[PDB]
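Consider the single chain below, provided in structure tokens and representing the form deposited without the named molecule.
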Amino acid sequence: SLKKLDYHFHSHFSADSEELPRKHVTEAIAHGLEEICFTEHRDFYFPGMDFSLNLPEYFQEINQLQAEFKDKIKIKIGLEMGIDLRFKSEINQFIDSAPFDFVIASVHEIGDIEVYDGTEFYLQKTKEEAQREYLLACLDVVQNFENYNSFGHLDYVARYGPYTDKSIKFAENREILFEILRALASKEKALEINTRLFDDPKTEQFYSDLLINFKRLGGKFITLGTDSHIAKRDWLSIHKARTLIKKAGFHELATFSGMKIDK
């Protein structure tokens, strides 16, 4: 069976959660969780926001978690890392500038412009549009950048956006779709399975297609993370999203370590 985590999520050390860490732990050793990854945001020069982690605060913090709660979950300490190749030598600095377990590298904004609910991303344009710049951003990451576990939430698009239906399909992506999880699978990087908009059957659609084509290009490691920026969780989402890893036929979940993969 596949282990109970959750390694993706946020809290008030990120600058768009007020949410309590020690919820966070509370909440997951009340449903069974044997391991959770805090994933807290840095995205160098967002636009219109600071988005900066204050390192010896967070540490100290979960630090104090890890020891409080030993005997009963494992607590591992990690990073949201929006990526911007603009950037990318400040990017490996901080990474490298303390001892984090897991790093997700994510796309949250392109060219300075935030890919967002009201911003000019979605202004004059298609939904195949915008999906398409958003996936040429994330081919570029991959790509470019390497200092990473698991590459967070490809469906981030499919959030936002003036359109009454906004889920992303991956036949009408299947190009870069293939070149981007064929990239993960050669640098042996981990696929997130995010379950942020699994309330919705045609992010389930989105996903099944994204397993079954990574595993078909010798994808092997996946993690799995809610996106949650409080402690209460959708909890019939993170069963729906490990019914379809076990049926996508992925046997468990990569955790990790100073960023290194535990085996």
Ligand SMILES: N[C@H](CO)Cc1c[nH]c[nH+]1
Given for the second form:
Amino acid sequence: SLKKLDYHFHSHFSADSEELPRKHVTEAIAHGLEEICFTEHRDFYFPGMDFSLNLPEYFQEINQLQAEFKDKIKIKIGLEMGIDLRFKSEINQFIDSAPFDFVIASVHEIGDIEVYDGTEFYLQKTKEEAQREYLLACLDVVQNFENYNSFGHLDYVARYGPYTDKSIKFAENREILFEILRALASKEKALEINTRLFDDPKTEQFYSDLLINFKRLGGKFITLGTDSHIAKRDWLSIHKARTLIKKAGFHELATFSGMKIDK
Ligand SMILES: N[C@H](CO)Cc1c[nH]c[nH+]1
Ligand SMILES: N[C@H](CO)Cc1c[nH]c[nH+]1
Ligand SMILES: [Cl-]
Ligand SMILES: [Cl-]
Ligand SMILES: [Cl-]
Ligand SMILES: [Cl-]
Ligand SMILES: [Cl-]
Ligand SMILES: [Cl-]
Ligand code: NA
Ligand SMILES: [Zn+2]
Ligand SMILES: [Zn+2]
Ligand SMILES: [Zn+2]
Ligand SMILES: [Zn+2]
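We have the form deposited without the named molecule; now please give the form deposited with the named molecule bound.
After this comes the whole thing, all chains and molecules, with the earlier chain placed first.
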């Protein structure tokens, strides 16, 4: 059995969420989760929107919840760090400035163009081109940045854009995905299974292919998260992901304390 957890979600501390931290905790307890990790956004110099994070307030609030719910659920304090290698030193100073339990590395913008609905990123660009550019940016991060635990949402690019079918297929991106997966395994990083798009069977297929090939290429650590920006969760999607993880041959999920793997 896998530990019942959620290792990716956002509350009002993140610039694009307004949820109560307490409501995440009570929803988690109601479902019977054993452990959760808040992963609020920090992205440096983000285009169009400030993803800043008030660390004193964030730690204070979660620390109070840790004490209050100590006997009901384990609560960790983490970070979703948007990565851009141009800002590597500043990003590292930020990560090193507070005792985060867990850090997700994510790609949200490339060359100051946000990867999102309605941006220049998808303008006059085929889906195949957008996917390749997105995955090349992910590979660049994995090859040149080390200060994180898990690599976030590899299917992020498939959430957005003007295409009739936004899905991402493993086979169409096989070479770059193998390189990313092997690099993650080689550096003992976790692969995140992100359930945002798990309502779509093509998302399930994509993550199944990621999982099986990650195992083939030496991967060991898997994290699991909803990426929910509200307390309400799609538990069916979480259950679908847990099934895929077990079927791929992983029998444990990775959890972290002070950025070290719990053993
Ligand atoms: N990572 C966020 C995507 O959900 C970036 C964003 C939020 N709102 C506008 N842009
Ligand atoms: N045996 C399952 C995992 O421990 C029980 C469960 C799933 N979701 C909530 N509770
Ligand atoms: Cl669950
Ligand atoms: Cl900033
Ligand atoms: Cl680094
Ligand atoms: Cl949400
Ligand atoms: Cl959800
Ligand atoms: Cl486990
Ligand atoms: Na907010
Ligand atoms: Zn967000
Ligand atoms: Zn993200
Ligand atoms: Zn997120
Ligand atoms: Zn469940």
